[PDB]
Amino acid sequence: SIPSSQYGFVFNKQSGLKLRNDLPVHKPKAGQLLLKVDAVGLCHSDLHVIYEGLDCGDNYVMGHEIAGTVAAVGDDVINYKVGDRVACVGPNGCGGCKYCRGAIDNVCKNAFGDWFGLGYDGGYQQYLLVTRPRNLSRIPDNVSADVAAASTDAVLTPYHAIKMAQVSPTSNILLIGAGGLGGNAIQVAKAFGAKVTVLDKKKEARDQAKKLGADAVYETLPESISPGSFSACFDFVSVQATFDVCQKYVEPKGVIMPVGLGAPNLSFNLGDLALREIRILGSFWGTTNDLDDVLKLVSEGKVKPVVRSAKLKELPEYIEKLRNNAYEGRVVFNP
C-alpha cells in the first residue's frame, strides 16, 4: 500500500510554491515515524513566507497545520503505533535544550528554521516524515482530522496566550478585535469561565463575538467602563492606538498580551507601567502539552473550530483567494 513516491507542494525561494508529483516517501529511521496526512490547514502565516519575504528556510513542503494517521514507525518507537491518529506541534522543538524539557518547547533555539511546513517539510503532501515523535498530540476519537488540523494553530495559539495570562473564573478580560484567532479566543477564554468583553470596529466581528459567548460587545468602550479595571487585555490587532487602550484599561498588576501583527514596534508609558506594575507578555504559537489541552477542549465541545474541506490539489486555488479577501475561519485540505 504505502507508495514510494507522492505529490506535494514544495516551497523554494526561486519558483516559489509548486506541485511535485515525484516526491519520495522516506522510510523512518529508528526513533522516527511516517505520518499519512489526512488534513492540512492554511492561514496568513504561509502567505508571509510565499510573498512577504519571511524566511523560515528553503526547499521544503509547506503546511504547518498537520493532522493524520501514523503509517509506519521505526524500531525503538514504542509510544506510537500504526493507526494512531495524531496532530503535529508546529514549533517542532529539538526536545533536548533547556527550553524544551523546560516546558517551553515553542521557543526552542535549535528548532529554529525546522518548524513543520516552515523550515522543515510539512503537511502539503501525502506522507510526512516525523523526525521527532515527541512533537505530536493524540487526536481524540470524536475529533475529526479536519477539526484537529484546524486546532493546531487557530486554537493552539490563542489557548497558549490565554493560559499564559492565567485566566480563571474570576478573570475580567478585554479582547481587541475578533476574527483571525479572535473568535476561537472567545470560546477558549469562556472555557476558563472568565468574563469576556470585546472591542472591534468591524460590524460582523461584534455580531460573531456576541454569538461566540462574549459577555460584552462594543464598537467603542463606554465611559461607564472605569479605566484600569480589566485583569487581562489581549490585543489581536496590536497597533499603538489599540495598545494604548490596553494600558489604559488594564488594572494594576494586570497583563497586556500583544498578540497581533499590527506594527513592528510599540511604545508603552513607563511611568504608568512601573507605578501600576503592568506586565507585557510575549506569546508564540503553543507548546506540545498545550496541544493536548486544546484537543481535549475540542473533544469536549468547549471550542468549535469552524472549517471547510477541499482536496490538496486545490491549494493554489485557495492561496490566491486568501491573498485578496480571504474568508471567515480556515480551510483544510485532504491529501
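Residue numbers count along the first chain shown, from 1. Shifts are known only where both forms have a C-alpha. Rigid core: the largest C-alpha set superposing within 1.5 Å between the two forms. Compared with the form deposited in another entry:
- Relative to the rigid parts that move between the two forms, the hinge contains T157, whereas the other entries in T157, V89, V250, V130 stay over 12 positions from any hinge.
- Relative to the larger rigid part, the smaller one turns by 16 degrees between the two forms, according to C-alpha superpositions.
- Core-superposed comparison between the two forms: residues with C-alpha shifts of 2 Å or more form runs of three or more at 165 to 183, 192 to 282.
Alternative state: the form deposited in another entry, after the form deposited in one PDB entry:
If you are looking for partners or other molecules, they are not here, because only the chain is given.
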C-alpha cells in the first residue's frame, strides 16, 4: 500500500540539502496525481543551487531528473492510471499562458520558480505529488526508469538545444564538456548527422566521449584547427575560458550555445560578435513535446545514456564525488 510518511532530501537556504525521514505523503486532490519515484538523477545544476547561489526558491525536495510510476490519481484524472510509468517535464509549465500554448512551455513565466526539484518539490523522495499531469511524458515499455530519469535533462537539454541550433548533416560542431549532458549531446548530435568535436579537461571523460561516437576528442584544440571554422559551439561548462574558445572557433553567423551554468556572468568580444554576426542562443531544459521526442529516440536506441545507479540514501556521497568531478556519465538514484 502507500505509506503515510516518507524520506527525502529537502533543500533549505540556511541548512542546505538535508535528509528528512518524516515527510508527508500527499494524497492527490482533483486534477493531481501521486508519482512513486523509481529513479531520480543528479544534475550538476543541483551543485549550483546548493553551493553557488543559483536561486530557484526555498524549502523544496530537490532532484529534477524524475522517472516514476503512477501510484495514485486524484478525482478527474482520466489520462493517467495507477501503474502508468512516466517521466516529469521539468519546466512544469502552467499550461494556460501564451508560452504553454506556444510550443515553448519551458519558459512559462507563471511556472518560473516552480520547476520540479528547482522551486517545486522534486524526485529526491519516495512519492512525488504532481499538481499538473500535463507535465509528464509516458515512458516506453522498453526504456528503464534509470535511463528515463537521465533522459529528462541529461538528454532533453542537449536535444532541445541541438534542435534549436538546427543541427544537420552538414554541421561541424564543437561540444565543450562530456559529462552528464555532453555525453548525450554527442549521441543526439550524431543522430542529426553532425560531425562532432569534443573538448574536456578530464581524461576519463575524453575516453568516454570517444566511445560514444565523437569524431574528434581533445583536451585542447590543436593549433592546426582553424579559428572561425565550426558551425555551432555548445558549451556545457560555461566559464569564461570555455566561452572564449567557442567565440574563437565558431564560424561567421554560427551559433554559441551557453548551455552550461558555470558562472554568474560571461562576457563576449563585441567587435567580434557584431562583425561576424555570432549568435548566442539561450537554451533551457526542454518542452513537453521535446520530451516525447526524446524518450522515442532513446527507445529506438539512437541515444544510450551513460547511467550508473545507486540507492537514494547514498546521494550525499555522490554529490561530494560530483563536486570533485570524480565520475563520468550520470548517476541516478532508486528511492
